[PDB]
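The form deposited without the named molecule is given below as one chain in structure tokens.
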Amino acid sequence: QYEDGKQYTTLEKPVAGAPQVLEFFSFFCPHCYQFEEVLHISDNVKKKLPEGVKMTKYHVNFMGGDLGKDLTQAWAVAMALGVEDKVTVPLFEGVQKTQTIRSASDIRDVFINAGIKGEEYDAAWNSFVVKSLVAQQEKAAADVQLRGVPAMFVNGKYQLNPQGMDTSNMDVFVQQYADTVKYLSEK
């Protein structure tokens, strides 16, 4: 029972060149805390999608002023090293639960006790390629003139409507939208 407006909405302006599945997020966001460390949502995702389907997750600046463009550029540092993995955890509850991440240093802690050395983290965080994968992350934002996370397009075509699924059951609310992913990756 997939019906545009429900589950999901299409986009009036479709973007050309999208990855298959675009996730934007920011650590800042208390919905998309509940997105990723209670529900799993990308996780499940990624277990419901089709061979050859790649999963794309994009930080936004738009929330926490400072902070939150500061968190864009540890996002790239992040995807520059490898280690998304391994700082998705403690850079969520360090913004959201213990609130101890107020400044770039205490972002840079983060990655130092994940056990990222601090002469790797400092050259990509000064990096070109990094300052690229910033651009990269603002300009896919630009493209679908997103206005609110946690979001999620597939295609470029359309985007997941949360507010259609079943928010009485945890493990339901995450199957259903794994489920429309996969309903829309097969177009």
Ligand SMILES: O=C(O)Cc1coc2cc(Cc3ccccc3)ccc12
Given for the second form:
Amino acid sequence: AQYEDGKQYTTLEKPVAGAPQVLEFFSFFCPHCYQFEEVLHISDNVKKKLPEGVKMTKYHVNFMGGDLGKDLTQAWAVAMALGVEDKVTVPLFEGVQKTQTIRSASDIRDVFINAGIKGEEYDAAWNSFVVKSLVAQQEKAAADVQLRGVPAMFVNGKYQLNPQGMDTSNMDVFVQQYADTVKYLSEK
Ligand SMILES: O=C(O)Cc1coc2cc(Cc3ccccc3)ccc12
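What's the form solved in complex with the named molecule like, now that we've got the form deposited without the named molecule?
Next comes the full complex, and the chain you just saw is listed first.
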């Protein structure tokens, strides 16, 4: 077959019932995830190959960066609760990996302040139980598949993208293969 288990994707030997249609996991510490955001735009290109209105979810993970990694999962919960993902994703990636000016939870807060989120709103969300629950939701989603690597994408809680098996000589061909594999898995 043109698409094969073990090549463009793998299949969860323990499937996950009732998961998001398209579920991505990333870390602001993950060097491949930086590229998925800034130069490959994987999420937008997958979204454009899927039918209108499909649900796409993106969660942060704890396993990179120790203390700061868990701070970043809580900050991502804040971004989701406030609906400001598009405003903070790039400055958080660059603060962690490019300028390395993010060394503490206070530095993370500064990114939101600079992006126009009021301090009172940030702190209220940061300490909220809604955000506590969103942190739990991100951990539970990753736990379901004992995620040990990012960036990861799961389709219908059944299939996991395998970018290791895709052409990397050309960045746009890679994105195309990745998105076409998601489309194939979604129609499956
Ligand atoms: O860990 C792995 O090998 C899999 C993998 C996950 O994300 C990636 C991003 C790139 C970046 C790139 C893409 C296309 C052309 C040049 C450079 C390369 C490989 C991967």
